[PDB]
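Coming up is one lone chain in structure tokens, specifically the form deposited without this ligand.
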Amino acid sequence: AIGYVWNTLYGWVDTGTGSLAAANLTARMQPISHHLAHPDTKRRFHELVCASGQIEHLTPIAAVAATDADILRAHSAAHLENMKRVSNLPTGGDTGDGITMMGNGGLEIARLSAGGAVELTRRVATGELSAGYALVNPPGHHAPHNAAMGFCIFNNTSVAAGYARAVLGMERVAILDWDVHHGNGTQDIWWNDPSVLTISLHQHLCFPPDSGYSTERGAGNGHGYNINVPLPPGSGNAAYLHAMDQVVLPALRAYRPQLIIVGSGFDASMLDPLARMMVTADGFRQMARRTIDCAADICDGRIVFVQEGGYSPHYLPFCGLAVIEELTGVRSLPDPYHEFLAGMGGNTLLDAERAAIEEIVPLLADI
């Protein structure tokens, strides 16, 4: 039984009229219909889940709006109050960083995004479902305890982990973030806390420009329980799989989480505008397969995927579908881009990629 969350409102997120920041006439930044983070990319993934017939092998789970209490397990009261303020504006507004628009009433959608993660987690942890995929929007992993950042309003995977900890009574949860950008928000939230192992694979200094170094290991009781794996631009399937086998899977095995939450972004894809990585749908497939098999071995299969970034409306749907196919074990479609992208490379481990990953292996000893 594989759960699947989509809510119509995930596709209604108002990203405004700019490309990244707001349109600005003096800067001569012309308005544009689709911001880089426009919801159509993720809606096209949902629609392919349905049109491919994959949906027939999934258990649809309705998102439930995250309550203030749910949000407050991950976030400060001032942050929540600030999001209520912006949401109430007649056209919404930027939430602080200059690139994170929330539309009017957009707090409703942020609540449903975090609540989609929580509701899936609840049903997987109870044993009602074996695993699932929450195709939420807006994304979460850049939002630290006290701010929105990098298109993220609330940290969905941390709201879910907080729920699993405080409500479900789980003692150890792992959040594995393979969105191409550093999960700085997740890192922040659990910085001092060994009860949530936070792992981020990312393009080094892609976003944020100042975090994600492997020296960022957590603090106090949390020291050794944050692991960053920064990778060079141009890394593809071979690098990502080398990181999975050499660092991620051993880290999870050492930690023995009771639940694995995957921050599942697809912006490491070969065709993504917001990073320079070379992962293809098959790469994501192999990453999902490895992680799911690890969950089966160490935590009774309890694994929940939660959508983070990804900015190719053309290709992201196939990358996403590949992961969902690994969850259901039922294949619906080939990746029609397979051959086209295969010729471009990324499928050979380069020495600089190997060196970046091997830097992290010594940190495993402290888990």
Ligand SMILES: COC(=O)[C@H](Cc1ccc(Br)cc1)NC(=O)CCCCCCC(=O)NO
Second form
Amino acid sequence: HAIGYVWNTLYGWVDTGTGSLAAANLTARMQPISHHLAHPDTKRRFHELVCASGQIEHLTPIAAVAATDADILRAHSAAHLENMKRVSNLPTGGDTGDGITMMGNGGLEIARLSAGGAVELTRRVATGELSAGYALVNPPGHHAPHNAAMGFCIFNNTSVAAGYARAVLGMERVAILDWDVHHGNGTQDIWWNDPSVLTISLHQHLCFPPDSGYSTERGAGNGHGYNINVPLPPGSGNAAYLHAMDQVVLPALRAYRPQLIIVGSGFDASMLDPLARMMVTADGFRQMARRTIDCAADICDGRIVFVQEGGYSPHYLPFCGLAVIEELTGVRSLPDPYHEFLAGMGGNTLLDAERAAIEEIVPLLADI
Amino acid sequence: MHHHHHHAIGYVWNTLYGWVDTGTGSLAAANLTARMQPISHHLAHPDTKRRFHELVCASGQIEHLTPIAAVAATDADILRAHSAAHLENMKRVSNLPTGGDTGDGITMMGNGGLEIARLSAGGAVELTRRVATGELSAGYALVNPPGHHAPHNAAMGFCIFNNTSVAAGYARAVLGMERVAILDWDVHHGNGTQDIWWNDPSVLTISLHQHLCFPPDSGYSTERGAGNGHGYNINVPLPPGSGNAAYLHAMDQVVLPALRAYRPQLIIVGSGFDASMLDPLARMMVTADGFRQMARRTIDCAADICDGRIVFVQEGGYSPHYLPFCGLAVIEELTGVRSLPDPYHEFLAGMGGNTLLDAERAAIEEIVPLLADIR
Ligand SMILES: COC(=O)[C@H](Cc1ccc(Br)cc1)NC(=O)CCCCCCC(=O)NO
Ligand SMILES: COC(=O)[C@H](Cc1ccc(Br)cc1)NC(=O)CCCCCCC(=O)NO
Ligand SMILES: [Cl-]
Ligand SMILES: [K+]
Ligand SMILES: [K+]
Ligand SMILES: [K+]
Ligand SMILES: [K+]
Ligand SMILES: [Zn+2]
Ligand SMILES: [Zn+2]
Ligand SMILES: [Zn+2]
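Having seen the form deposited without this ligand, the form deposited with this ligand bound:
Below, the chain from earlier opens the complete complex, with every other chain and molecule after it.
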């Protein structure tokens, strides 16, 4: 089966400045650093591993096409789009609104290519040209709500893709499964009132954004029951994540019957990620991808599009990401070289608090 | 500003601590067959600790510190904590043209790397000596390479010599202290320190750590020492996700009672910051304010029981962004000069770790019965 793969060189050129997360701040005594948390290198190393592993030979490279204004407006307000144009047109770019998420001059180009990468892959998987794909995009998306950029996200890539599959490809139902460790508040916002896009987020409870991602956030109106948050406790590893998959996510998808499953695929739930406290290993992500791809095979003719979200371990992210790619190609050519080191650390036993957190969500399936 | 409210607080930073060659790998070596791409910043790159030093300076804290030169630990110093075989092996590895593998396949010394290892251990010793004479009331030795994994007869987990054990050995043998406590709050088990003082009740070793984080299969509460040393090793393994609340409960329910029961003449803290909320090498949720409170508690304990004699010795910690602020917070508790906020405080404050969870309470409670056997 033909597996689409998007990497655009510019994805690795996203300028993350000289700060750690916020900018270098002299009065705060936040010393400048050359590797920002969100530095594009982590995602670049993933791409390079896809290549150096030989996975790329089993992949069909798909060129990103710049997401058009029409594309973006299917997920975002006109005001946000205008604002991003405004910010990117600034001489040296600037603040997109949150004081953290920066765009350099002409940075809109990369934002368009990131969203457009998700769209082009979605387009080609929906035509049946490809069976599935991974769009290794950057900047990420899931924090961008309808009317803003946020949390390194300029546009909500997966929502742009979903909105494309809905409006252009005429699909009635699309699901976005987001397993980036942070809450997909942006995706939740965009599709809040809309039952034609089921939005599911697995995330460390209150990791980022603050005060966001409670399971009580279920959508509104016609969209009520079509947003599912699965907030998990810090220290949740493979057992908790797979339990979440098996108890909530896959039942949710099966209940909902999407024509397309889009995965907001971050790897910041990994054992080694600085930006959360979760204990997922490459094998955990492998199993999560395997489960979702199989579900897609069962319920929507295998139509599944992975779209890169977060993840901040330049050491370990590439192997987490590679594991996902291997599940897509079915070519398994490399061990996770950290497996031995991480295997004894824990996370593979479903703890009672993990179980309880997931069980809280099971009643919500009834409303799908 | 020349009227200070603190006594002399020692501070050790030697330039070479920032020059430890960590190579081109992430954690183990970059390995082409495994397709582990080389990387410019190894997890344990010295920049993280250098950034801590530069923040000590740039914040103005250095103006409230008494800079203390590291002196190279002598063979005699090292030998109070390590075997002649280990010392000789480190000399052998450091004499190799490009140095090499110290034994475990990850812990490397370049040629002449022994000089830095002696300076790291010697930094802890020098500070300890100068607190002991009363010249300094307390101090922070911002040493590198770290120590706590190195047992009597090996280098391990980036540790060449067990710096705090070298310091404690010196306090025992040279300063004639009868009892020394080593409190190790680096997030990983202090297996090395535990090993060194296993049979010896004259050094109380306490480790708080993420359960089985590193080393594997190490750091159980059943590891209690042996012979006359039985009851004088205390492991407090904690669940992943443990934050300020668990750590401070650990301090209050186990650590401080342990120290009070033991009555050391000196407290040495193996001070890592890898339990921080943003560290890649553990899953703990300690913030700078958590470390502040741990430091405050431990210094106050030292004030109460051993005339304030407390020596902090740097261990691990892998957030170049956040470690400096964790470390700053601790040093501010030494000087009482609280002159800089944690700029990450609000970002991290709502993430959690500030509620003592049942599993966290329960893990700590396991250790409480062990206090009864302390001295
Ligand atoms: C890619 O393989 C590794 O991860 C590498 C080698 C290893 C492999 C397997 C095991 Br079970 C243990 C170690 N492990 C390490 O380099 C472990 C470094 C220890 C980090 C802890 C340092 C610290 O802060 N101690 O307090
Ligand atoms: C020093 O201040 C900060 O750390 C900075 C700003 C901030 C400050 C306070 C709060 Br309550 C929230 C955010 N933090 C962020 O903007 C957080 C963005 C990173 C997390 C999202 C990345 C991701 O992978 N999302 O999926
Ligand atoms: Cl002062
Ligand atoms: K919806
Ligand atoms: K998520
Ligand atoms: K002992
Ligand atoms: K420890
Ligand atoms: Zn994320
Ligand atoms: Zn002063
Ligand atoms: Zn450590």
